[PDB]
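**Student:** Construct the complete structure from the given sequences, taking the supplied hints into account.
In case you want the letters, here they are:
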Amino acid sequence: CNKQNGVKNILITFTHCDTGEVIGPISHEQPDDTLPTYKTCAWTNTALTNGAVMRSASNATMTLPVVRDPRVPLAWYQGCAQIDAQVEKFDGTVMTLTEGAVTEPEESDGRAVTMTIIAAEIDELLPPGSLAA
Amino acid sequence: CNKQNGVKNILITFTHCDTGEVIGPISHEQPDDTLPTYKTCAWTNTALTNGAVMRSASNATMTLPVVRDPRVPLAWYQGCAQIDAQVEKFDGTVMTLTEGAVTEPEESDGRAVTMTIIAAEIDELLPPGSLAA
Amino acid sequence: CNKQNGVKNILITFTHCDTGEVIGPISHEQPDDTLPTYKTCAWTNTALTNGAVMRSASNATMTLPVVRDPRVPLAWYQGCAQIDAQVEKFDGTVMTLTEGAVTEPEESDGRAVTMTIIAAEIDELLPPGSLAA
Amino acid sequence: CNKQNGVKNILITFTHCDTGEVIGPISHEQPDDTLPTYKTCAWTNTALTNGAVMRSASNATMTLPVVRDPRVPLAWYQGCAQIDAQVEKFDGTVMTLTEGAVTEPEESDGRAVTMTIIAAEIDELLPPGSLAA
Amino acid sequence: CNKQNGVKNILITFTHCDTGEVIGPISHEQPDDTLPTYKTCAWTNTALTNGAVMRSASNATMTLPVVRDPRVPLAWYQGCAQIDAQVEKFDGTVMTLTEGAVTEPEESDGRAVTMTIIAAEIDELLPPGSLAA
Amino acid sequence: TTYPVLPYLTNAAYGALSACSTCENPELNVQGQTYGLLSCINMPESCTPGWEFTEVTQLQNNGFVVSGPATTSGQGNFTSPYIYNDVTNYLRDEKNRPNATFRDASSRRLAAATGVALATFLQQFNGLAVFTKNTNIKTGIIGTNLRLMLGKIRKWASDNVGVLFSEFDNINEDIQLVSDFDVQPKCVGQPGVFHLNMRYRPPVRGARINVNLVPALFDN
Amino acid sequence: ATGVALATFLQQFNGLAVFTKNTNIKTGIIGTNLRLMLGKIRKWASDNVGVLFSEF
Amino acid sequence: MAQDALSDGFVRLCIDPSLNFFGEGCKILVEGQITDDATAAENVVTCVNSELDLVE
Amino acid sequence: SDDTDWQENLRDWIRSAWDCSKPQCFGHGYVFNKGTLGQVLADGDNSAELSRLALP
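Protein chains in written order, with the UniProt record's numbering: chain A, 3 to 135; chain B, 3 to 135; chain C, 3 to 135; chain D, 3 to 135; chain E, 3 to 135; chain F, 281 to 500; chain G, 393 to 448; chain H, 1 to 56; chain I, 225 to 280.
Below are the DSSO-like pairs computed for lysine-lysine, each with C-alpha atoms no more than 30 Å apart in a straight line:
#: 1; chain 1: G; residue 1: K418; chain 2: E; residue 2: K5
#: 2; chain 1: A; residue 1: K41; chain 2: A; residue 2: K91
#: 3; chain 1: F; residue 1: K466; chain 2: B; residue 2: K10
#: 4; chain 1: A; residue 1: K10; chain 2: A; residue 2: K41
#: 5; chain 1: G; residue 1: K435; chain 2: D; residue 2: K10
#: 6; chain 1: G; residue 1: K418; chain 2: F; residue 2: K435
#: 7; chain 1: D; residue 1: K5; chain 2: G; residue 2: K413
#: 8; chain 1: F; residue 1: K418; chain 2: B; residue 2: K91
#: 9; chain 1: D; residue 1: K10; chain 2: E; residue 2: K5
#: 10; chain 1: F; residue 1: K466; chain 2: B; residue 2: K91
#: 11; chain 1: F; residue 1: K418; chain 2: B; residue 2: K10
#: 12; chain 1: E; residue 1: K5; chain 2: E; residue 2: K91
#: 13; chain 1: G; residue 1: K413; chain 2: G; residue 2: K435
#: 14; chain 1: B; residue 1: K5; chain 2: F; residue 2: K418
#: 15; chain 1: F; residue 1: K418; chain 2: F; residue 2: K435
#: 16; chain 1: B; residue 1: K91; chain 2: B; residue 2: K10
Computed spacing ranges between beta-carbons, pair by pair:
#: 17; chain 1: H; residue 1: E24; chain 2: G; residue 2: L430; range: 19 to 29 Å
#: 18; chain 1: G; residue 1: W436; chain 2: E; residue 2: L50; range: 17 to 27 Å
#: 19; chain 1: A; residue 1: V24; chain 2: F; residue 2: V494; range: 36 to 46 Å
#: 20; chain 1: A; residue 1: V24; chain 2: F; residue 2: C327; range: 54 to 64 Å
#: 21; chain 1: F; residue 1: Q403; chain 2: E; residue 2: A134; range: 33 to 43 Å
#: 22; chain 1: I; residue 1: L261; chain 2: H; residue 2: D53; range: 24 to 34 Å
#: 23; chain 1: I; residue 1: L234; chain 2: H; residue 2: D4; range: 21 to 31 Å
#: 24; chain 1: F; residue 1: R388; chain 2: A; residue 2: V69; range: 47 to 57 Å
Some, not all, of what chain G presents toward chain H, calculated at C-beta under 8 Å:
#: 25; residue: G395
#: 26; residue: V396
#: 27; residue: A399
#: 28; residue: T400
#: 29; residue: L402
#: 30; residue: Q403
#: 31; residue: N406
Please keep in mind that the hints were generated in silico from the structure rather than gathered at the bench.
We put the beta carbon where it would ideally sit given N, CA and C, even for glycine.
**Tutor:** Below you can see the structure in the form of structure tokens.
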């Protein structure tokens, strides 16, 4: 089905900064209907006068709400670990993020966590037959 | 039974700072359907640019809405006493906090109290079979 | 892509004054949104009365906020080394300075540095189609 | 865990000038988000005309905001004692300062202290893979 | 109750200079959240070149904001009387200043007073278990 | 065989030093020229040490405390000895396995202190209501159950790292709590009786530095 | 002379707490780790250029 | 005993000007003729440690 | 003394005082060698522990 909009797979990998422990790419699920959102462009434009802009560098971001895995400490979904995420949609798009950092977490009830991850780059893999090199 | 989400037990212990009086671990209940929320990672990250972050100390926090015990002064749930809390969930997670401090209390009607507690650390005890060390 | 304002490339070269060691043209980034500033006219005008001025020698100056390179000692971005710099904008301008001298450095946190460089001259290469000889 | 900016460890050693008593390398923490700042180049440059500078001796300086240790008199963090300090960062940099002197102290509330230390030299130990000698 | 930061008691004593009248150690309070500040080292270091300093005598100072006592004349909290002050903290530290002298008094509205006191020495009594002799 | 001092005086000095004057904090090692000097004993200087270095190595490796003088000369003046290694005679194991768990004398002091401290902490559960079949505690009751007790014990263990313990290899496998009804066969268990198993390590400290020194000459 | 001078310097680490694996030192402890020991040794070596050593 | 700075055995000192800190770089093979007076086994790859073992 | 064997024994002792097997004592020894040029050169046993005073 070409026109289904949703999330098909979420895989995350955890690396503990202080001790270096690792946990393989566990499969995750979502707590509600909200989908992850992305920003894959690493520059920002600010509006000047007469159609000119100012261009400066920034981060590539991802917002990822998931249901925690009962085998991983809740502190790891917050800022105490390094995260490598992949999200696959029904249409075929795959978004890959590596070496991400979790910024300014909010308090969680112990089941559902919403994470704001920043990285230097995010890779996008469109379905077959793209126009952009 | 394996996938029930809720709170099972709440135990609180009070220690008066000015006189040192202690009240044992009384069993408490909740006033409505809102569950407690936690932040067990005692660090904070900020975005900067190009994927870098700034890492600073911050705290470990808990938010605990409970129904007041009619045998304890209302001032002890506010900032005039020290708190030691444990919360047990249906799935098996236990969150133990000791030596807490209540910050910026709001006004209460005398039955329901919402406490914002900070601490140096919070201990999380996962159900058997966890992966993190 | 004609009216964009910002920095495209920054290249710096170091020559140690005491021992003569040299490090090639490393590429640098920026810590925040503040752009470099320039003053390419050597002479200075002081206002007399009745529309007259006094002309004196002065210098050509550049201010360069950059993120430090982890392979170069911090003392080199301060007054302990000789700086050769080029800055390329998005519109095509290139600002070339050689044999710089860093004056009155301030304390740095170890990541971001804001040099203040003075040189005898600075070379400006405009986009094709200039009007000045 | 590669691009984190912050302080990881602070060790301070005290020597009392009047009597020579010594207190070993105690570990310290910070009162807020402000990082320490350094100037590791002794010499100073002053701008003359036509790109020439004047070179003079000056000092190497550190600014160290830390939380006071309840076991050390407050007078020791001020000018009444000699200080040896080390600071380590998450990326691996280590700044070593020995035989420091605290200059022009300001009044402290009793918990937070901000020292201004001057030394003959400061040693910087970069992460593995440096380009300098 | 261990890590609380604040003021627990303030006892001030007044000795009138021109007539020798005395008023016992009245207990005072604070007008706002600003804590007193101290400098208990009676020496000053001025930075010379190459890590050398110059040492001078100077004074020991205390800054004490308090709420005036409606029984003591307002002139006495200004330079017209001699002050013997003690300040106690929640952690157990006690600062004892005797034979103070209020310098450059500022204008007061009649309720809140901020005194700048100087003495030859200020005593500090740390909680039990100190390291310095 | 050639020791020039009355043997019991040295033993008394060592015991007195190691007992009270030093070990009110149990983690200190009585060694070196500063913390292990028997300043109350004096003996003449001699070119001969009594033990050859190989003999010293053998004695140290076989669980014996060795000592030597603070300074050497042939003039025969007085000097004090000091302890090289503060070691107990422990080798092998109760199951006949060689290990170094009790090699250092400070290990015994730390074990005793840990036992006492853990005994004091656990007193808060004496005479406290315990629920073991239905683990829901009604409102207002003062009680606890197994999981909450284990959480408190884990918190206590974690708060003592750097004072009594080195970091735990795996806190989830090092501390375990069980009730008697779970262990004893049916109808034989007793109410309000628990079993606790805890594994810990003592803190580590600097022991030796091997220095290779490679002189060269100015070149190029 | 250098052997003795270096041996005397390193004495300060005898009996000092050493942290490996997790190298974060809890507040108040008296200890060190590899990177800080190396920094102190380098500082001592640098201070001695002109007395025992030629420039490195 | 030895010397006071080295007597306690905390620091164990070795002085050898012929030591090397470098690790093993990757390898190179040299192939050529020999003479009858050589003591090396023919058609066998062997390691060479310095310039001075040659000839014999 | 001018006996080569005795000098070699002293050289071995100084070697021992510098060996890494146990704490070191260090030290340096002085000897002499008298003879013709071709004879004196025959006493050069690469001794870093000795200063040899050549005499005619």
